[PDB]
Amino acid sequence: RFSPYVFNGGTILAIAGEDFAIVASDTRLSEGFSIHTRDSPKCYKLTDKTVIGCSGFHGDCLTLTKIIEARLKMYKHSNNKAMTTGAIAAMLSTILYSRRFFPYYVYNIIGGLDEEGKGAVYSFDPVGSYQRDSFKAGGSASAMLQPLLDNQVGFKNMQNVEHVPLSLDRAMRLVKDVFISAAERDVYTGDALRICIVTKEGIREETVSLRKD
Amino acid sequence: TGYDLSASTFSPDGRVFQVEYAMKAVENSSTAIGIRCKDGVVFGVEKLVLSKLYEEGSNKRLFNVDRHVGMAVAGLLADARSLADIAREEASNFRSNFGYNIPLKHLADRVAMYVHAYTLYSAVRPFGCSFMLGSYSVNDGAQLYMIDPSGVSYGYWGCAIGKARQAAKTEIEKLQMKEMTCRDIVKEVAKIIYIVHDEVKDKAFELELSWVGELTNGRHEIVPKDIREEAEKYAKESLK
Amino acid sequence: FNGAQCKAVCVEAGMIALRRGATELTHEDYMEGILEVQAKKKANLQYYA
Amino acid sequence: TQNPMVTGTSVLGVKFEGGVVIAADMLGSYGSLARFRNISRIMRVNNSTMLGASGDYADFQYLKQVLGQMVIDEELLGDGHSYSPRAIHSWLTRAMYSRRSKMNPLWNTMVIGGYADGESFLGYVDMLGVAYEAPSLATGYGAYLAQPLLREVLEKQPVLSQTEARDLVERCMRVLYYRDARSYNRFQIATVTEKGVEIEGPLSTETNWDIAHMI
Amino acid sequence: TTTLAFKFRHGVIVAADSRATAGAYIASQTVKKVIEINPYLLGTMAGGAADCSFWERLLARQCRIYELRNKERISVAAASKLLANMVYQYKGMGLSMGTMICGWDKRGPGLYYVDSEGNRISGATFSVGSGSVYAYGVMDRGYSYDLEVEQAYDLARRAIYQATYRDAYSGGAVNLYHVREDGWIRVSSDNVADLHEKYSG
Amino acid sequence: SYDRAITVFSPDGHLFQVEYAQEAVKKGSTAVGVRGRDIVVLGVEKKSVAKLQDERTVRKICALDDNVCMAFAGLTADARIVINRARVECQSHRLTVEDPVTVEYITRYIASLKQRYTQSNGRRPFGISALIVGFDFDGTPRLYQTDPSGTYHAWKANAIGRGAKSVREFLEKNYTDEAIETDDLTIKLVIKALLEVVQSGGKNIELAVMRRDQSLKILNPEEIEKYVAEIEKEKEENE
Amino acid sequence: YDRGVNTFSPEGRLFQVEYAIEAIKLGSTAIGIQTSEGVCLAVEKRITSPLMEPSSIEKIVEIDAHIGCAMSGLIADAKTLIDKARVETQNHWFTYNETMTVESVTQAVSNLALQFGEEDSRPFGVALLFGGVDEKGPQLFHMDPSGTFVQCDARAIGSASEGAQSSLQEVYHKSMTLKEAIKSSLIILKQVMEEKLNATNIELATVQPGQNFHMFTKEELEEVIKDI
Amino acid sequence: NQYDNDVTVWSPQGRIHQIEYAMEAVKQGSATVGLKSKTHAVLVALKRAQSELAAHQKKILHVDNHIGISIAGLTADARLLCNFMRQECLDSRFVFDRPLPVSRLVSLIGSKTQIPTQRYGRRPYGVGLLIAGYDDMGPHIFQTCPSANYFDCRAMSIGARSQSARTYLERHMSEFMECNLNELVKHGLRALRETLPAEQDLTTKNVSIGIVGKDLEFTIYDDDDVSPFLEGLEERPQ
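Note that the protein sequences, when read in sequence, are chains S, M, F, T, R, J, K and L. The authors' numbering applies: residue 1 is where the first sequence begins, and numbers increase by one. The authors' numbering applies: residue 5 is where the second sequence begins, and numbers increase by one. The authors' numbering applies: residue 391 is where the third sequence begins, and numbers increase by one. The authors' numbering applies: residue 1 is where the fourth sequence begins, and numbers increase by one. The authors' numbering applies: residue 1 is where the fifth sequence begins, and numbers increase by one. The authors' numbering applies: residue 2 is where the sixth sequence begins, and numbers increase by one. Note that the seventh sequence covers residues 8 to 127, 134 to 241 in the authors' numbering. The authors' numbering applies: residue 4 is where the eighth sequence begins, and numbers increase by one.
Careful: at least some of the hints might be erroneous.
Capping the alpha-carbon separation at 27 Å, the derived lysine-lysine pairs in BS3-like fashion look like this [unchecked claim]:
(1) L:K30 / M:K56
(2) T:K195 / S:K212
(3) R:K32 / S:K156
(4) L:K208 / S:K76
(5) L:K50 / S:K81
(6) R:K198 / S:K156
(7) K:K149 / S:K76
(8) L:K217 / S:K81
(9) R:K71 / K:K52
(10) L:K115 / S:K76
(11) K:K149 / L:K217
(12) S:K73 / K:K91
(13) M:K207 / F:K397
(14) K:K187 / S:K73
(15) F:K431 / L:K50
(16) K:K149 / L:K208
(17) J:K166 / K:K209
(18) L:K115 / S:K45
(19) K:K91 / R:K81
(20) L:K208 / K:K187
(21) S:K81 / L:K61
(22) R:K71 / K:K203
(23) K:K231 / R:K71
(24) L:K115 / K:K149
(25) S:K76 / L:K50
(26) M:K205 / F:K430
(27) F:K432 / L:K217
(28) F:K430 / L:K30
(29) J:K61 / R:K71
(30) J:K234 / J:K204
(31) J:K166 / K:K52
Keep in mind the hints are simulated off the structure, nothing from the lab.
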């Protein structure tokens, strides 16, 4: 019959730095064994210090984006100040539980800066839990991306390897390489890459292509 | 003189003074006339600038209810705005339920029942509005109706709403109204509005003219009055 | 208002201007003439922020 | 609608230089029986945007009614302001999503094409609310069949002229007449420019069958 | 997922792991499961993340309202009761929630156990989760009332180590909280591999 | 304004009907209540037996819980309704919260009900004023009073009804901090208050106490008779 | 005539609101003072009886861990508003994990300071003084029954508030200190009260950004009073 | 005078005097002035205080990215219509994903305030809205009234003693249309400095200015981006 969900796929990455939060995402929107487009950026610039990515069912992503934007304007027009990052995370958790008994099929990753000026990535689940982690990969290529970040960001499972803090261009070359390596084996990854970088000076974007198949 | 408080109570001689007071509420409003020709209906409203604070293009009493129906209200303006919205809603129900344009008789009867329903109870007051309704159809011709504050709705060839209600229809009726197309009736309404009250009590007024008929192919819109500019080059020839 | 009350507005506007010793009048001199002809006002004002 | 009674079929739309061309056929098949072989599946919205749809035809009549009433209302506002096609796309997406949230979906597949203020627009609306922009859209089996021709020529040449676009649409509809079972050799082409909205007549295709003389 | 709790002479011990999988796939390694309700209450996360987190946050709301209306801090049994009554109104609609409630009372130690099935019960030792039976085993080995502090620390820490060692759905950092008479105090956050090197010999 | 209706302020800033519904309390029977340190005590005057009925149904002192006690003044029907609602509310508090009911909770409920009852459209104010005496937290005796406005207001002793100024003046001119209670001193304090009543007929005295762990004890007017006799004995020892 | 919350005046105005502003004047006095060091606050209880237990009369209640309050005039409208303020600040912390700032608290209160309507209940009869420490430092806030909410640097309420404001404008400036403002308040107190100032009449409430907790002084207030 | 009590009662001269009383209640606010160029619309209001130490009650408040309102009269109805205003803006911002044109918004405001002016049980809203906006056809300065007969102008001024402002707007409405932001704003306060008695001068802390532009988002200003606006003046012709 009518199925209320469909798997649109997608891949969202986030990296929490010392003073930066990089969020990148492919722009392929597909369905089954077809391609609807090769330009649909998962990243969204909420405030000057908050970028959200939304994968999973696409219509719920659009609806959720619009509701979050509405409540952002409500908080600003009520309390004369923008939200923090963790406030947006808490609000999104309240919303995702407020539709508990008919869930959004949406993975969510919020990156951004805290009030100290450091990176903070708040992951999510479809039902409404969250936590402050350093890096997450949501979507189809989650399992293709977490162990390599465990190797590089976490420096895990290594011996006599000291811990160097993660710089900027190191994170950029990491993101480009992992999207190439994940686009080699995934079917839901490619055709573009929209990289959003949050510094203490604004939001930057950057467009890096991939293989066209 | 009573007994004038509620809109439900009667008088010792049998009428409702609320409805009477609302009828003579529109008497102080601006003069608005209307007249039909053999293939259309022409509106015209004597509209006045307050002093110098207007913008010449605000709050136009010539409304536009349906694609072929618009109002020519006079009286309290916001109440007329609400009534125009009610009329838009009723034409919306008819278009949604039957798939074609509302006949003007049925629309006028629904609006008259709505006005009467605001005259009935004691919680609400009667309307302070009096408006005109024009239309045109290929199988129906031109129809011009008229709604008082009480809710009595029937049809005319010409009408007038405002101060000079008598003083317009004294010389409206000397028009050879059938044998004229409306493009003559445009400057006719121009000269009729221009006759009444040039400078005596107020300082300046300004003309709006609505326009429906066969020449608009069933549409209803304001004239391009700047096109052919037919008032003033004849209004200055109407002072002698 | 009648004719006599408008004359009182005229005289009270003159006197209110004379309170500051104004050479010619002003408009709110007339407005306080209107208020003082009625009873008076200050305004207090509040609830009008 | 849970069970679609009378379905349409695939809709094709593609931008070009200062305009969008949309063409869909005129068949109202019920099951396999082509019961309504002369119907209109494109509403010509006021002067800029333009709609074409698939799926259940009754729901298309319903949305025709509602959109017609909304456009009539804004034109009766008399403000000189219209709906942008992207606003219509947004409204239709919200409508379908609020429809499907109540577990009573509108079985449709809609395409919104518009040209306003120098820029073309070509939007997509799914039954599930999945909605996006594209330089070339293809619904039903058209997304399986005539989509790679559009994406071939747009990769070889990103912009087009009106003649090339219309010819490509003609070829894609010829192909869809070749191998869609729910198809019919009668279609109408609708085109928007800055000059207005134009609905062309019931065109047809020119077919080939010279492979049949082989065994 | 493996939590346990036990009260003794010097208050209440609460420990948990920090692994929260998704089917056969591990989501995270550092999920802080013991939800800090108050400076005098500790709630956990036992089956389902969203249900436990949401309803315990609402319970914290309710407790703060109760204290600001009565000027006197709530008891433990009252809080567990409020949580069970609020969860009970959606019975059969599919809520999974098996948290534990710990705190200090006017009566002293307080330890209750509230399910989404509503099995609100008191007690002295409890353990929730997939590998909870392993914790029951090693805990009912090492349990007494007259234990010391570092003894109870070693008991709970060894318990969570054995639990994550046998079960597959458990791992990550070993949290360890200790409820005192005045307020609760986090003891330590120990990784599994550090405990494997330390306690393997 | 005018004395009509409850919603309008006076031109000088009053509500007439709140002050005026206190007058029915001010014109009612007297009932006092003190706290000892371990035993709480209260009682009503004016048994007013009309020689031909029972009086076990006209009892102005009842209970809501096993810990708390009632009293009122004013008219009795509003007392009947408020007591009926208070029993339900106390039991519903017992339903969720598993405590013995704190006295402060039930007084906040009564005053809150009374005020949201007074705010609304044309609901006649409850012309009572209750005395809510109880000892829950570590057996700490508390007694609060109410008002037709709805102001719970914690005291250590109380006097309401007709001529309450004189009776509270007696608690002012007696009220010694020493010692302690000493239940005997609390009993004798009840005896001195009831001797200090507006009439003190000797037979119209009705008193009930609670020793903060037991339930309500209704006395027998012979123990009270010997109490009045020894009060008269101490009054003779003053001479 | 004027009779009713649904009728203007020929010149203004209500006449129900005005009678509420009249109904402020009967309450006990209170003085709150903004200082960049922190917000201090004081009140008079007007204790009637020795049986009238002094710690049970509430004037300073606790809204947040850093937001205090004081009431005026009618008691129970204040009880309603205090209850609602507690609930809604808790709601803000619920959906935002952070502290609702004091201006936003008082906007949340004066959303229904005037939602008075019996059909389609009465206007409230209480003035409130709000002190708190937001991100912008300390804040001192004053509302009214009519919801016309404003910030005040040192506001005095209720009875005898005119001379309180006058003698306050005598002593106040921008760079005051804490303890000077405390004694500057209680001098005005024992000029506007009638009885002798002692341990049981008045009560202080001071909030500091580094001393957010415990917006109260308990019987060191005795030591403060004996220093005058 | 016994018919002059409620909204429902028509007068025996047909003038419901409750509407007139609400007009006079609008007349007792602070002064405010709104005026537009062809490309920029500027509204400037005047603040007042309860005492010296207290802050000044603000008038210019934000609504939306291209909509900001001034106010005069009651403040409860001000925030009520504010909440309705913000709500109706973000509603169409949700559905149509566009900014609202201003004329339909003010028509919704008139339709909102119509019901409390005709039935019994609510009062007419004492309100002094001065609305600035941007549709596709440029800046708009609308004003309202408690009778819901909203006006469009090119320069208005409502409140107490606002008529000298109107005289200034009359003798400079020809000059308004051409100029850029800076001398426009100083024309606005060369109306406000005649909304004041002559023995005192407009300072920093009592004035507030809000500009919306065709490329400029609506922004309120107070003392600090107003100290640039307050210089560039001469004294009054004493």
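Could you grab the alpha-carbon distance between L:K208 and S:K76 and see if it respects the 27 Å cut-off? With a Cα-Cα distance of about 24 Å, the restraint between L:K208 and S:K76 holds, given a limit of 27 Å.
Is F:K432 within 27 Å of L:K217, Cα to Cα? Violated, because 42 Å separates the two Cα atoms, which is more than 27 Å.
Against the 27 Å threshold, does the CA-CA distance of J:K166 and K:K52 hold or violate the hint? 21 Å, holds
Are the Cα atoms of R:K198 and S:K156 separated by 27 Å or less? Holds, at roughly 19 Å.
Pairwise hint evaluation, S:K156 against R:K32, where the allowed Cα distance is 27 Å at most: 20 Å, holds
Is the hinted pair L:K115 and S:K45 satisfied, with a Cα-Cα distance of at most 27 Å? Judged against 27 Å, a Cα distance of about 35 Å means the pair is violated.
K:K91 paired with R:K81 [C-alpha distance capped at 27 Å]: 24 Å, holds
Check whether the Cα positions of K:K149 and S:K76 lie no farther apart than 27 Å. 16 Å, holds
Given the hint that K:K149 pairs with L:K217, test it: the Cα-Cα distance must not exceed 27 Å. 33 Å, violated
Taken at face value, is the distance from the CA of J:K204 to the CA of J:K234 at most 27 Å? 18 Å, holds
M:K207 paired with F:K397 [C-alpha distance capped at 27 Å]: Distance of about 25 Å is within 27 Å: holds.
J:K166 and K:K209: Cα distance at most 27 Å? Status holds; Cα separation ~24 Å.
Comparing the model with each earlier hint shows violations of hints 2, 11, 14, 18, 22, 24, 26, 27, 29; every other hint is respected.
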